[PDB]
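Note that one protein chain is taken out, while the other chains of the complex remain in position.
For clarity, chains are labelled A, B, C, D and E in written order, and residue numbers in each chain start from 1.
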Amino acid sequence: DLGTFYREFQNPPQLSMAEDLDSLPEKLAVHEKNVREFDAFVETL
Amino acid sequence: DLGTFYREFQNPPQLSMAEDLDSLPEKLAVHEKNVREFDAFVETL
Amino acid sequence: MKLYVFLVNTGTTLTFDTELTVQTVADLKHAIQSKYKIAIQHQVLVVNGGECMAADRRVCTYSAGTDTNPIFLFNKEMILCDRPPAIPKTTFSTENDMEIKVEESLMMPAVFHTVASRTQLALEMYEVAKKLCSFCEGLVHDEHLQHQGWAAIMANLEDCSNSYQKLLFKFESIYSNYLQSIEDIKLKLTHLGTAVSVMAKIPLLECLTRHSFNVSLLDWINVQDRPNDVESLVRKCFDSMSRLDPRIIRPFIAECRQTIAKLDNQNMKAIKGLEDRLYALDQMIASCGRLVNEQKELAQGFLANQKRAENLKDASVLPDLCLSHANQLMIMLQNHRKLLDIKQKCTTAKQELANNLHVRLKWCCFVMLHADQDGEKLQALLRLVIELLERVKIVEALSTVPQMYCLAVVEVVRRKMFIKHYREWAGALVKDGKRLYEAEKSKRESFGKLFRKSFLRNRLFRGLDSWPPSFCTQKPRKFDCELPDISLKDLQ
Amino acid sequence: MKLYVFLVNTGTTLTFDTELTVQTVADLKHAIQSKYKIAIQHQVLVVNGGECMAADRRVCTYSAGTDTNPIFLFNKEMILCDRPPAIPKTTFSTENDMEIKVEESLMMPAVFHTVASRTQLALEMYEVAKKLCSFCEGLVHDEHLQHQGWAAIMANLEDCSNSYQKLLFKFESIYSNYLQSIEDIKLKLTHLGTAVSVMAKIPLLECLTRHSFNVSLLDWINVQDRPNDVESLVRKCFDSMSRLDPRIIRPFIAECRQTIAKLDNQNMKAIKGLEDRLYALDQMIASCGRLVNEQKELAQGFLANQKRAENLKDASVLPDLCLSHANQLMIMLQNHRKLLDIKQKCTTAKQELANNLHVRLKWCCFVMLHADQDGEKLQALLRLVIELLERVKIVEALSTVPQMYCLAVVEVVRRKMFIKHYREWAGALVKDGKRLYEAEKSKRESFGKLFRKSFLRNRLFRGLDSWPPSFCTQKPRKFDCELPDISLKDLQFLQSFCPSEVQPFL
Amino acid sequence: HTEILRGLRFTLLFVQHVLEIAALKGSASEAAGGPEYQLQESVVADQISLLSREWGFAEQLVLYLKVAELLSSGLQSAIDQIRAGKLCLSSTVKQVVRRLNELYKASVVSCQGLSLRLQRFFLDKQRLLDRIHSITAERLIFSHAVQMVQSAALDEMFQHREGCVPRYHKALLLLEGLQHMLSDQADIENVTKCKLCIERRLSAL
Partner (left out) sequence: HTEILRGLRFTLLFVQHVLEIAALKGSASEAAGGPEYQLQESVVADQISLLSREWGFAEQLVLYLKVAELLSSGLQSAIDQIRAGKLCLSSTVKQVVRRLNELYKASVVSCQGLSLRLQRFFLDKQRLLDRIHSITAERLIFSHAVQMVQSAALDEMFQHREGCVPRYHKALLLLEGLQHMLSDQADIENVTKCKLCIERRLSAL
């Protein structure tokens, strides 16, 4: 039920950070180099 | 012989004086009266 | 033992094991669901004065599911509907279709069965007639129990309207306080940005050191929780104002908000004219029972009529093979069906009156559904409005920044200054005191240690046997008493 | 195991029963009583190494002695003078009677059986002398234990000589006691003015006498005990000074010299020299017993006579040989005559040694009287010197007290007054501290209710989160709190009114 | 299990949807919803919302990283791929996932640019973030599912009967990757249960 749905949750609320995932530029540049395959894409497959 | 004891006899064993002294005059005059009675008996004697 | 009392809600008999008290009320729904199609969310019914029950544990704790508990609830299997039957009596018509002395003797000389007759088949017919009479009695009793359940239902409706009244009192606030909220939340939406700006104006380097570097204090306040916004309270207050539109202010925004005012009250609660008719139904049943008890025997007096026929012993008993000799018993032989139908008349009348009662029950169930699961929405909404008032209060805590930060800085600074000055003066005074302690007291202590045996006994030269108290010569503690690492200058 | 004493001073060695194995030295003197006056008061009873013990000791509390171990008495309680018990044993004239019996009663040689009996009777006499010799050996052991006791007494003497040297230490002390007396009079002379200072005692005091006027609390407490004398006890002091006059040292010195002479011990060692020879005499007596055993072999030889007297079935020579055997045994008994001769000779010399020892023990006890009386007298003099020291010390103590207790009281008074001053000062500062502490607590409550109204201050505030140390705020107690009573200040004022020792009290 | 078949060839669509769940999709309490809402204060509400216009953007950048980390390797694997799904010609089904995959470079670009532009400001946030506990901002997917069920159950009345049921169905479809970020031992299962409740509401919607 919609009442049963609200019973499951009426309105539950939303739930060292400079380095916990700081390696972002690495995979970023990896992808910036890797996009070349799709950039070329001589024939779809 | 006596020196064996003379060793033992080195120093003598010990025993409100003002109050007893103040109270004494009664016993003193009592001694005076008993002496008067004794003189009476002696004259009888 | 199990309840011979049946289920009022269905007005019909059923059974279950007596140890069902440990089974949950939702387990009771499963039991009434294996057949009759109950569900964990089957009806708007509740327990006691319009509230939920502790259904998780044994329903006996909530006095449900017991051995003394037949089925009774909002009765959602049929919307004021049932299949009321009537007494079949064609079997009696068969007996009436052959209402005569049997042909086993076939008009022989009267010595034939001179000590026997059709009394037993007549006895069987009359006893079965009485059986149908008692059957109608039980059926009428079933309809009456159904009426009792309907009364219990009207009572639950009253309890519900009470819950409605409580929710309305909330709604009174969720109107009046909501009307009062027309200013608080707006201001709570109003000044919070200014407070956040003032807080961010002087984000302390001590705050920069707090988690142990610049950062936004209001955001530092905001991000202090992952989902918190430096004007989360302001946003929620303005949103509540938006949700405070006049259609919500309607006297039945939740249609219940006036449905309870009008239908479940205000002379529209027909339950006032309910119970007596149920009593009138019980009276009709009792009168029917008075008419129908022992009546088949009253017509078919075979026990005496047997000897009556024996005394008769007509020399011309040929016409006596018909109903003329069998008088009132023969009358019963065709009147059993009539009595059965007469009983069925009041029985089906009770069934249809119960249908009408369930009809008015659904009539009230209109405003019921308007409240249960429709105005209950407004109920949780008012709970939310209360949460919004709390959010406004928190917004004030955000407003508490503009003076709170300056007060904390000034008080901490002045307190640290006073603490330093006082601790320093305390140490200096304790030092002067220890200096005195040495110079006089320790010198005297040495002279007295020498004065061991200065007189032949202690009391002889009694005096200055000790130094002064010497307390308060130790050093003071640390200034500000080990405060948190927030540096006042870093606050400055 | 335990055994009885040698009765050393005379020497009557004997053993005892099992009870003595743990029976106390008191039980030892009890056994001494048990068959003699040996319970009487006595010089010493001692063991090997020298006990001179006392009744309190258990058996093991003293060192052991036995029928083979040394423990005995060497005291006047038996034979305070010389008392040589004579030869308990029988004389040997029966052998001289037997000498006749062999010489003549061997007649009628045809009675070989009677002749053998005579030889057997001669052999009887042999074994008899054997016993005699054993007794001689007893006398030997007697001389042994005799020298033993002599040495034990010597040990005592050395212990006395040790006590002598103790007296000598006293003498060095006594001369020092004489030496220390040089200023002791001046110390007593000063004690005169000291008792003068005791007079005009502190005219007031803390609580006057405080119950624990012309009755000087000085002199009062100088009477604070039963049997002693106040103001240095000079009536006893000059008396003991006499009790330690130089003349006493001279008589004491002479006593010491005599004690040294009391240990001259020339007779003891010289007796041993003879005893050393007398020990060789014991050796000779042992040889005498050897010859005795030789006589036994003769009896063994004599036994052969009675043997061959039977079932021989031979010529008359066997009867004649017995006559020849009679002469052989006769010469044997002649050797035996010389034997018993030297035997009784040894016994005599033994008694003589006992007598020399009697003289010894006499002189020994004399020292154990002359010295020991003088010795305990010296011990007394020693305690007297200890007194001559301690009493003088106490006198000087009270002398200082005429300064000491007075100055102590004056100091206590000044300290108590300044202590009241400082207590007032410290309490006033403590009150100011309490005031500032109240100020801090007020800031705490005000700005904490404000902090209860602040903005999420848990992370957003600090510093005033608590307050500085208000601990140590209760005002101080009284400096010199438990002081003796304040009339000590009146005593300080009165110091001038009693100026007998004014400077020191000030 | 259709990793080389349609069940995963369409998974790029779910990935793109989860991306959209943040892309131009910053939620806020200032949302009006319902039959209507008074706009007399909506201006201040949007003001409170947009006072952190780039902060939610940075949270979104963090969330998009959860898919972009795998998208980098997907770009790496765009060459020399193997699949055997049937009912297709010239690897058109392969193209079905690869066309969406073709935007993975721009996906990294946006996962960066949602916070990259104000780098100097990000330093202060990093200065905050330095001792600030990290937060995988992708958890807002569970918040989206909760808000979906909440709308479906308790929005102002007079809406239609369908009730945006497909929105809650898409929320239920989060199990295709919304749990890529960091959480507790079973917080992903909790978000999935929220999705199940939202799907129940969609069936009720």
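We adopt the following convention: a residue touches a chain if its C-beta (ideal position, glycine included) is under 8 Å from a C-beta of that chain, and two chains touch if they have at least 3 such contacts.
Considering the full assembly, D:212 is the residue among D:18, D:68, D:212 or D:503 that touches the omitted chain. Here the missing chain is touched by one residue of D:189, D:439 or D:481, and it is D:189. The omitted chain makes contact with just one of the residues D:377, D:453 or D:475: D:377. Counting the whole complex, the residues of subunit B in touch with the unshown chain are 1-3, 5-6, 8-9, 12-22, 24-25, 27-28, 30-32, 34-35, 37-39, 41-42, 44-45. Although one chain is not displayed, its contacts with subunit D can still be listed: residues 181, 185, 188-189, 191-192, 195-196, 198-199, 208-209, 211-217, 219-220, 223, 226-243, 245, 247-248, 251, 377, 380, 384.
Convention: only the chains that are shown with their structure count from here on.
Comparing per-chain C-alpha centres with the mean over every protein C-alpha atom, the closest match is chain C.
If you average the Cα atoms of subunit A and of subunit B, the two centres end up 122 Å apart.
One finds 110 Å separating the Cα centroids of subunit D and subunit E.
Spacing of subunit A relative to subunit C, judged by their CA centroids, is 45 angstrom. For subunit D, the set of residues touching two or more other chains is empty.
Multi-chain contact residues of subunit E (touching two or more other chains) are listed as 127-128, 130-132, 135, 139, 143, 154.
Of all possible chain pairs, the ones that touch are A-C, A-E, B-D, C-D, C-E.
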